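In this view, the complex is presented without one of its protein chains, the others remaining in place.
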Amino acid sequence: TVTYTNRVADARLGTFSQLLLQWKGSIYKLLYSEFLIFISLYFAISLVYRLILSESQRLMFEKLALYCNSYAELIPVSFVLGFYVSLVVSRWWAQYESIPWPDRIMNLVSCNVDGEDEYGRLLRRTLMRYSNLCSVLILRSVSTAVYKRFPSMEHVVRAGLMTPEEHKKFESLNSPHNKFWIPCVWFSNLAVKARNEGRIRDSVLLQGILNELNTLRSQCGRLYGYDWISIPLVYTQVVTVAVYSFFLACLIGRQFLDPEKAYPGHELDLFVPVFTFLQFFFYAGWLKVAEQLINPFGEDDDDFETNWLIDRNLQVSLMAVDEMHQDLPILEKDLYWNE
Amino acid sequence: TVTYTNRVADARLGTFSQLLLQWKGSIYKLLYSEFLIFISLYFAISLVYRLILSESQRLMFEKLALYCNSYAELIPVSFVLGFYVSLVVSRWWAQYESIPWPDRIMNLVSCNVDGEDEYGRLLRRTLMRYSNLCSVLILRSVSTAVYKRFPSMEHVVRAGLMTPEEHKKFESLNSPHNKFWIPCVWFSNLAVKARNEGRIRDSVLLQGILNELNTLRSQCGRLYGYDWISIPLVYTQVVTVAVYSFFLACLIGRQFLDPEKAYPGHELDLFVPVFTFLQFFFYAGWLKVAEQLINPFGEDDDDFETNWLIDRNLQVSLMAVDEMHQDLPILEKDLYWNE
Amino acid sequence: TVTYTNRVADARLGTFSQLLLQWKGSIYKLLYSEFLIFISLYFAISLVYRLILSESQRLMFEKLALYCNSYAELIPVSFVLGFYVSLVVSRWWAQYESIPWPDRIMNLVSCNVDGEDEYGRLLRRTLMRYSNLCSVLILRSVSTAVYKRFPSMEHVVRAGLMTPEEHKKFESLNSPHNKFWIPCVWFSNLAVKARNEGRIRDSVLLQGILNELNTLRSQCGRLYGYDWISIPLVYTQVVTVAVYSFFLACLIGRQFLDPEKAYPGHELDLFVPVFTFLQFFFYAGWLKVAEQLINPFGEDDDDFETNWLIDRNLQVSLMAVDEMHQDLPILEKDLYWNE
Amino acid sequence: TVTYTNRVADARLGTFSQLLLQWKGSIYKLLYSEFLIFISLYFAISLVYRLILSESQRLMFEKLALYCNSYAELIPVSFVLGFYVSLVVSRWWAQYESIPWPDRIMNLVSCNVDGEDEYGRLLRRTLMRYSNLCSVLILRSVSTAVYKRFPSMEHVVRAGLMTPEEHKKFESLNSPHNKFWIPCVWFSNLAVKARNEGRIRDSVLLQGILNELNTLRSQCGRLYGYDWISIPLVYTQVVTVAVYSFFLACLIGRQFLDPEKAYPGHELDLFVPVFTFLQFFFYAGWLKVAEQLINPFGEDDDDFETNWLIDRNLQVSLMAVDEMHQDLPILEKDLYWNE
Partner (left out) sequence: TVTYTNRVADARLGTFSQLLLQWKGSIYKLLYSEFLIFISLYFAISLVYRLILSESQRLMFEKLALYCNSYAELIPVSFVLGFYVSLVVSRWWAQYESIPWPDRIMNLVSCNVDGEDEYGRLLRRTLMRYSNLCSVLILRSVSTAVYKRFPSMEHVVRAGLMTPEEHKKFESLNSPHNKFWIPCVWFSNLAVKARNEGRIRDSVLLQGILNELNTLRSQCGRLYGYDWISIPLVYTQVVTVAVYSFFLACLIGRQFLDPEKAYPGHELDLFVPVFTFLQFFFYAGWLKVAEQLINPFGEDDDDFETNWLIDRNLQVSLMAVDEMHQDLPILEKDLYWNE
């Protein structure tokens, strides 16, 4: 993602005007190629009109230019872009909040699974590693950056997320579907084993741990559902046909005709339409918003930083249930102590 | 569904322009017949205008064409399509998230119902099969693809979802309503029987299993509610009358009149209106979005893959509570082991 | 409600065009009287213009018709109808999901309240009957169809929902407010009595039953809140003044003036404006959507079927906690049994 | 509030047309003064134009009227009113659902706190009175009607909501912030005291009572948050500058000019513009919707009835935990008793 939230905290004079001079993740980086194609086509048509055509051909081209200028209409294009980009942004933020965080399971496994010896330490680390693996196996299915980081399951083993005996048990389980649900079953079986051996005290603490497991499972299921069910293809083809029809009308209708014939609206020849190019930046950039956000797990400048998030979740989890189990600072009186 | 999420991960040059060359689930496959009817009517009217009519008849037709061209208005049609398609897409995604998944019940039944002998194995398998049956009995009511897969209850028996004694008990229960709530009562009675025989340890684990049962029941109730309560019929008839009135105005008002009489706006005869046909693709495709998504359990190219989802849920459930009960990999130290 | 969800499963050629030939719940049944009033007023003004008026009076009427045709403006009317109908449809679907279903309480009372003798049977039936009564007492307050079914509390007694001793206890309780909260207190007291006599085993099962009771109470409170707090009256009067002002402009501005005087836009006399009548069907039907859905508990063709839903809930509840208490089919091996 | 939900149940002929003849809470009562100011300014300008000005002054005024009529533009005003009123109505209904209801705590305190003697009776009444006080102390902060009912804390004591020893303990607690959180701490301490004395049986029932306490605390926190964080002032000033700029353009541009000079669009002198006044009612009433609903706890005709709701909550709570503790009707067989 491109974070600029510290830049737009106050509403000063140059609040949003300073954001037009940025390159990374901007509208220019997304519209360079389309703008150069549009410039090339426009000045090609204009120079063919000025230099090649004969006089009757010029008259027919002027009539065609008036015909095409009658259909350059902005309002329904603005409608369909507004509703489509609203749908895309709603699904974008809805996909962000489905990314699973291990912290709620971390707080309970760090405290409730007892044992300051080796075995309870190993038990807590294995539980949080099973929680992180259940998230990595769905992020490598919904994202291309995580999939380029983990192309095979052996790359998941190399990273330390899965011991080779867990990989042998993982491949021995025979299922033709996506296997992101395997560690979230291993977690619950290990938690019940830990209770039956005497590490978890009562049933209530075990059921709290299992409820947070099911919450993380529902998060992974939401990510799977957003990846598997896209925005419909016809509703994307409608907005592209609309925007490209508007720009095809503006390629011909927005020419500068001959002023000696005095057409209404064509009394001046400027050789370069500034406002047509600004309308191009407006409409084509407001389509590129929806092009960028339709899959936020890719590799754009403003797609989600998911590899960083995997690294954070693994380090924080194994830090909090190993180095922070019953390791508290000394209970002292605070500054607001009355008596 | 038609998945193209891997294709639109990055915002390259040909991001959405490559989606216009696709056929399966596209706008062309949904607009072929309407477009051919529109082409036939338009060129019929145009050739009758050019070849059959006399001169005074030609003058009356030109006056009628100016009258009909005065009413080809795009802005309220774009309004009503925008709001209606927003409603349809909101209900579409709301119906996806109501499809029940057995995984939250699966995690708890795989671990908490004890017994490595035959009886506890049979008990866990019967519990997850009662959870899957409560979902299949509502998917064969809300969907046409699941109903063509399971036309009678005997087809549900053949698939292994229901033993014949369960079918005899199912038909002995006399109720004139939809019976999708029967296995979700059998589940809770079998869970309480399993607790009273000594398989489930405490009351807390039993109540956690029953809470996940009630969550799956609420999912099935949401699917029943979305199928039974449609979008109102008058609010669909409004958008169809609007779009067909616009196209009836464009059949006559968008003719190419005789240029020798020099009507304002009709100075050139091109024999084929490109921009009228592009406006047809835009408006008729933005109506076909709402036609396709108004019942996402049918048999379109972008309706929900529900038979696959039933097969997945059954295989994953019976795999996780039978082959994975207290079958864990060997507890080893991970790569991040400090001491 | 008018269900057509099986008709619009696929996006065929005649998907929505077949819905224009339906009568029950359609736009025609809602716009018959307004359309006949509009036709009568329009042709009255037109025939007075053609037959009664003198020539200077004709000239003044033509000037008035041009003045009124200058104000027939469609875009803000389409704005205010779009936002108002969006609010109405949002509240409509929000009121559907607040209707209470007894099934979550049914699953727990069918299993956890023990006793295969007469007393436990009577206890379970009394609990589910107290759950259904707490829903009927709010549906007869928010709906007119349920109120015509149950005009007095004696009609609730006749239907079997309330024994006469419960009616005596119900009328002995002195409160000047709506008494839909009485059976939801009787439920919790009977559940605690059932626990203290030895029927409910532990505290956890009792608290699960009471939590589902409070969920059904929150559902009834939502229905009470949606009925008591309407859409504001000024926001309905705005959209009616807007639509009726547009149609008052179209009564006079859309006349066919005399072609011999050659007004711009009035060069042809057709005697019947097709597109004005189609704009009438569009705008008046898109107002009738909001007229129909503003109270979905009435007696329209697409209001909620609430009497059927009460009958279903009562039959399913008393069936599941009496005939299905510890009455399970024989535990057999399924078809996917491995060993 | 103005309830008309029983009036608009069916979609008859006079469904919404009968709502235009109502006065209480209507558009007329909110637009009387603005409409009279607009009428006075308009006819003042018109009579100064007709009677006072000389001929060259008349020519300059006609040029100014054409200039101002060129800027009376309706579409962006309709945009900004639509989005702003959508925000106001969304926050309005969101503030209704945050009003706390004591019924979920009432069901649990009526049943779980044991004791048919004096002490348990006093304990249950004190618990529900602490629940109601925690709601009254935030309704007298967010509302002006509740604040006029309870101007000081002594008026809260007079009403019986707070005994004078509770007022002494309430004022002894020294905090410079709003003290609506004090009775919601007293509730939890009294509940734990009641458990430790033997009135509440187990820990599970105590934790259920405390969870419903925290739910009511979150409701009060939502009301505090909606009152403290208003809609931004600049986003209200934008819509008022837009609507008043449109009406300032219509004061001068919508004059009836001299017909003898034959301006295009001013060929008739009617002395009173009907459609300009109807556009005034439309736009000014669609602003008065947002003016009325921006604080729904005031004293408009369609603000929330909060004093009634406080009276209801207090009477229902003290009725249900005192007169209805273990006072059940006699368990009889219902009408659907099979055997």
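All chains are identified by letter, namely A, B, C and D, in their written order; residue positions are counted from 1 within each chain.
What we mean here is this: a contact is a pair of C-beta atoms (placed from the backbone, for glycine too) under 8 Å apart; a residue touches a chain by one contact, two chains touch by 3 or more.
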Among D:186, D:282 or D:286, residue touching the chain not depicted: D:186
Selected from A:66, A:68 or A:106 as touching the chain missing from the view: A:106
Touch with the omitted chain, as defined above, among D:8, D:30 or D:108: D:30
Residue touching the undisplayed chain, where the options are A:39, A:272 or A:278: A:278
Residues of subunit D (touch criterion as defined above) contacting the omitted chain: 30, 33-34, 60, 63-64, 66-68, 70-71, 73, 75-76, 79-80, 82-83, 86-87, 91, 122-123, 125-126, 129, 144, 160, 163, 165-166, 168-169, 173, 175-177, 181, 184-193, 203-204, 206-207, 210-211, 213-214, 217-218, 221, 225, 227-230, 232-238, 240-242, 245, 248-249, 287-288, 291-292, 294-295, 297-300, 303, 318, 322
Where the unshown chain meets subunit A, residue by residue: 1-6, 8-11, 13, 15-17, 19-20, 22, 25-27, 30, 74-75, 77-79, 81-82, 85-86, 89, 93, 96-97, 101, 103-104, 106-108, 110-112, 201-205, 208, 212, 265, 267-268, 270, 275, 278-279, 281-282, 285-286, 288-289, 292-293, 302, 304, 312, 315-316, 319-320, 323-338
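Keep in mind that, in the parts below, only the chains that are shown with their structure count from here on.
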CA centroid of subunit A to CA centroid of subunit C, Å: 38
Inter-centroid spacing, subunit C versus subunit B (mean Cα positions, whole Å): 24
Residues of subunit D touching at least two other chains: none
